[PDB]
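Quick setup: one chain, the form solved without this ligand, written in structure tokens, and binding and motion questions come after.
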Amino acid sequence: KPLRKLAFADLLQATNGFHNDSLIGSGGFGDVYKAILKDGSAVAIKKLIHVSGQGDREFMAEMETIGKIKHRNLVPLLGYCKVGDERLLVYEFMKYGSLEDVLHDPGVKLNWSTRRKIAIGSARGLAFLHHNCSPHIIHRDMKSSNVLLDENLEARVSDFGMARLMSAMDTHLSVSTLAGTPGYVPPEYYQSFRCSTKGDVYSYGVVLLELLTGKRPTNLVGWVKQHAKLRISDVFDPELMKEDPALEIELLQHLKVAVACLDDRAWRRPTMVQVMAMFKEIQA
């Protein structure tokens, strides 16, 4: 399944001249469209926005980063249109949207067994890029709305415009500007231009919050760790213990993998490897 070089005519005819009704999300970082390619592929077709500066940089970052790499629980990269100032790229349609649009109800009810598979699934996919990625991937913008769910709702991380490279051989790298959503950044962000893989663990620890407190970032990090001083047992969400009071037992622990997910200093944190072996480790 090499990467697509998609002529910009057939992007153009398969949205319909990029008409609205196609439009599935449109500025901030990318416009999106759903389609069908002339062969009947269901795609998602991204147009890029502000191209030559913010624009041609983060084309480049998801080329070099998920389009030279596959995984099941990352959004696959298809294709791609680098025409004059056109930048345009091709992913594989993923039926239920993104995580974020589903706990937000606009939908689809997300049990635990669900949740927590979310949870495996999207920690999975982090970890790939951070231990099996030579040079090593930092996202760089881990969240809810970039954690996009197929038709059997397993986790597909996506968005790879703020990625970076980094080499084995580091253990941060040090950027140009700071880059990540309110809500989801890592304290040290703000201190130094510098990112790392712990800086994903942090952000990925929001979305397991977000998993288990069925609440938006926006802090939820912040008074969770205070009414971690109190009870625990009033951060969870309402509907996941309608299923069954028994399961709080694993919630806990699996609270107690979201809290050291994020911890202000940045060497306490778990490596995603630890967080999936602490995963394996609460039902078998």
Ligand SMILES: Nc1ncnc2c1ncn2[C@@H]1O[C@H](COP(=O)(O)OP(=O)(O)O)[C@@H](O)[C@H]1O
Given for the second form:
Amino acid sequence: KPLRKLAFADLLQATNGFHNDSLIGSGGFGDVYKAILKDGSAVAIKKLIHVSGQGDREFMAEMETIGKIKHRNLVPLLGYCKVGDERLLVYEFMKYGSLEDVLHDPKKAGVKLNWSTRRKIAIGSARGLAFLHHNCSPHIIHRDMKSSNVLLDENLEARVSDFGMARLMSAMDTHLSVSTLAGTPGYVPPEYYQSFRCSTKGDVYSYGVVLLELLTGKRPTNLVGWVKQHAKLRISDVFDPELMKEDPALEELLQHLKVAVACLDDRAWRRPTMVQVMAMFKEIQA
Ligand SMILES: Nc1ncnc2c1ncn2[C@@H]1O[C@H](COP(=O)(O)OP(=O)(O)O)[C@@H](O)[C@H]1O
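If the one shown is the form solved without this ligand, what is the structure of the form solved in complex with this ligand?
Okay, now the whole complex, with that chain kicking things off.
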């Protein structure tokens, strides 16, 4: 399944002339439309914002990373469209949307995630980042891991998305020097404020915040310090009440909470690698 160059007229009519009825998201990153291609493919179409230089870097950032690799836990980039000042990217449609929308449900309605589901989402998210960190040469730093960049497919499996800020780092390097402090408040590693440098350890910190969301159910914007300050008190009160209402037996949660704590370490050298995170999830299964 190669990457398709899609004609602009196809995307024009598939979105009903970029009509608002199919628009499922705009602003911040780009306009996103739910569409059915003329072959019947159910897709998401990202109409890139600010193509003049800023969006063309994000365009190639995805083309260079998610457009060159395929993995069961990464959002599939199916196509692209380059026409003058118009950049478009086309993904396989994820049925249930982003993890953030499900945790903070619209008007408290939709799909509910039990712990058996959230654990599978945490494992799947971890496997996608480990693939970027370990299996990819050059390595890929997502630089913007968060709950809204975890997409849930038809089977509620996690697929990491939004590689618009991703950067390629050589395996011979420990860090990559950038020019802008990318990332979302609530997920930025504390050492990112110190230098214009990102790393895989930075993605691990941001993952730990996501694993906290699957455990606590709260918004990061904070959440990291609140769990650490309550970790010295009653750790039985930091988890999601719905997870405790299911069965007080899996309070397994602290074993995963140790993983989230280890990821959220202020020292990038003490954080585990995502390969270690996966092996820690494998030891809890046994
Ligand atoms: N491949 C996809 N499949 C299904 N829904 C998607 C896809 N990509 C984006 N969306 C939805 O469109 C909305 C806009 O996403 P986007 O602005 O790209 O979010 P982010 O900037 O956090 O990646 C999101 O709420 C997301 O749920």
